[PDB]
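**Student:** If you want the building blocks of each chain, they are given just below.
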Amino acid sequence: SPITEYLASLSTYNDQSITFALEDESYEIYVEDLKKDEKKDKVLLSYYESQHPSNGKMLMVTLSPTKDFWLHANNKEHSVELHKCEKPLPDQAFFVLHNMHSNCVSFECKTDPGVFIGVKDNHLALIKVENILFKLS
Amino acid sequence: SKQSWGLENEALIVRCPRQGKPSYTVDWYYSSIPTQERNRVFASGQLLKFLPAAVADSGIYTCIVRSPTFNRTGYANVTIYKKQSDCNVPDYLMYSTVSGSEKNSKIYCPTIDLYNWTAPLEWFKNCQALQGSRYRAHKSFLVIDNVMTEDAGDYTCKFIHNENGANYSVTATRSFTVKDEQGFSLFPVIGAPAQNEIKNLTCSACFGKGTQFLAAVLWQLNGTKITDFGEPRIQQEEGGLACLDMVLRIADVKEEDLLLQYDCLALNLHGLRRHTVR
Ligand SMILES: *[C@@H]1O[C@H](CO)[C@@H](O)[C@H](O)[C@H]1NC(C)=O
Ligand SMILES: *[C@@H]1O[C@H](CO)[C@@H](O)[C@H](O)[C@H]1NC(C)=O
Ligand SMILES: *[C@@H]1O[C@H](CO)[C@@H](O)[C@H](O)[C@H]1NC(C)=O
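So the protein sequences, as listed, match chains A and B.
The first sequence maps to residues 117 to 171, 179 to 252, 261 to 268 in PDB author numbering.
The second sequence maps to residues 21 to 51, 56 to 223, 232 to 271, 279 to 317 in PDB author numbering.
Mixed in with the good hints, there may be bad ones.
As the list claims (entries may be wrong) - In silico EDC-like cross-links for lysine to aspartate or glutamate, where the CA-CA straight-line distance does not exceed 20 Å: (1) B:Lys41 x A:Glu204; (2) B:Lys41 x A:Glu144; (3) A:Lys156 x B:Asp115; (4) B:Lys22 x A:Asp131; (5) B:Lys203 x A:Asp153; (6) B:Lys163 x A:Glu261; (7) B:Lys22 x A:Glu148; (8) A:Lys180 x B:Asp302; (9) B:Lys41 x A:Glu148; (10) A:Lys243 x B:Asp137; (11) B:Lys223 x B:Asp137; (12) A:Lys152 x B:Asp175; (13) A:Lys151 x B:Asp137; (14) B:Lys182 x A:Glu200; (15) A:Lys152 x B:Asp178; (16) B:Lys130 x A:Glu144; (17) B:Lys163 x A:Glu141; (18) A:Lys266 x B:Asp204; (19) B:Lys257 x A:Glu121; (20) A:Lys151 x B:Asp178; (21) B:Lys22 x A:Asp140; (22) B:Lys22 x A:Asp153; (23) B:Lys22 x A:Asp157; (24) B:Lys22 x A:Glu154; (25) A:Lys151 x B:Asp115; (26) B:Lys130 x A:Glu148; (27) A:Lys151 x B:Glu28; (28) A:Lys152 x B:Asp302; (29) B:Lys203 x A:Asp131; (30) B:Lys22 x A:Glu141; (31) B:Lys41 x A:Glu200; (32) B:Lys130 x A:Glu261; (33) B:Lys22 x A:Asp244; (34) B:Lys163 x A:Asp131; (35) B:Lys22 x A:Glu139; (36) A:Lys152 x B:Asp115.
In short, the hints are calculated from the structure, not lab data.
Construct the complete structure from the given sequences, taking the supplied hints into account.
**Tutor:** Quick look at the structure:
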């Protein structure tokens, strides 16, 4: 039941592109500088309405990297993982959106508070609390 | 399987495509690679290092990460080039980056993370070393407050990767683009409707000054988009102001139309505002 769904590119504070790679069985997720005119991997953000307020109610979102896959957040392992799951999507697939300056967003786990998708050692992971830094396109 | 590149005389580190941990254990191969210090080309963990790189080194370098609940394997397509005294970095290095006028100042030095650098670095716009007030470089990026449409250009940063105490030269170039207008945005605001009764309907909401990455106004019906007789049906439009609108359309009233809410919505990255009609 998303309200709207759009494709956007993902990129970090320092402008590394977040790329996905599916070896179709397992995968990889890269935070790395691309080559000029190399197209960027677009992911579907699907926007749902949290009762989390603002000013009002702020959105949450689920990101399909591609073709029936989403971003599952692995709690104890502080990791982001990819799942198939035709099934109605679970709570670790959801992220409260946040907005500070323009386009610059951070994703908080619907399940467990103060934990954001963020970046560590040039890999994508989960952060408990400027390293949660995402631009869209 | 991911490509990588660089010039002769320059240090180049290359990360193994399939990722993993310290204590997970990675091997590399060319055409069975030194694990530490065959003094020029060798590999430390996920990092294939070339100190410095020569063109002869071009090739595919496969790597294998071993758990051993798995051996993941991934490759590096790699090419090293001869500097051509063109003075103009050819179109193959890195990738274009935009900014506002004074409104966004920041050019990051690509791939710098891969290397070991404790120093302040040098920047050059099209073979011209930057200097002075307007360009002020800090950490891994370059801040230009002056920015006109005039600062378009290929910025290249040189820095030094130090290995055991051996210093090597590395550079990277990317294009810089200036954003014409940089506008603001806030929580969406629905001019029409208010919360109200009707007894041809329309919704307009407004998201900020600039051009929005994400702005949408849309009609929901009983809190869903899709419950249908031949009508309802939805239609759009477009007009330094930035606001959007969406019109419902219903030709023939029926009875069902009395109960449940007709919900106009405007959403943004800031959040969602909804109004209710009846
Ligand atoms: C990779 O791992 C396999 C199975 O986990 C292991 O048995 C093998 O030694 C490794 N690859 C080879 C052929 O060296
Ligand atoms: C990185 O640089 C520091 C200081 O520049 C140096 O002492 C250290 O050896 C380097 N690390 C390695 C082992 O590459
Ligand atoms: C570069 O390496 C040389 C060799 O030891 C060292 O003497 C020099 O200080 C290094 N440059 C700097 C300033 O980091």
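**Student:** Compare the structure with the hints numbered earlier in the document and write down the numbers of the violated ones, lowest to highest.
**Tutor:** 11, 14, 16, 17 and 28
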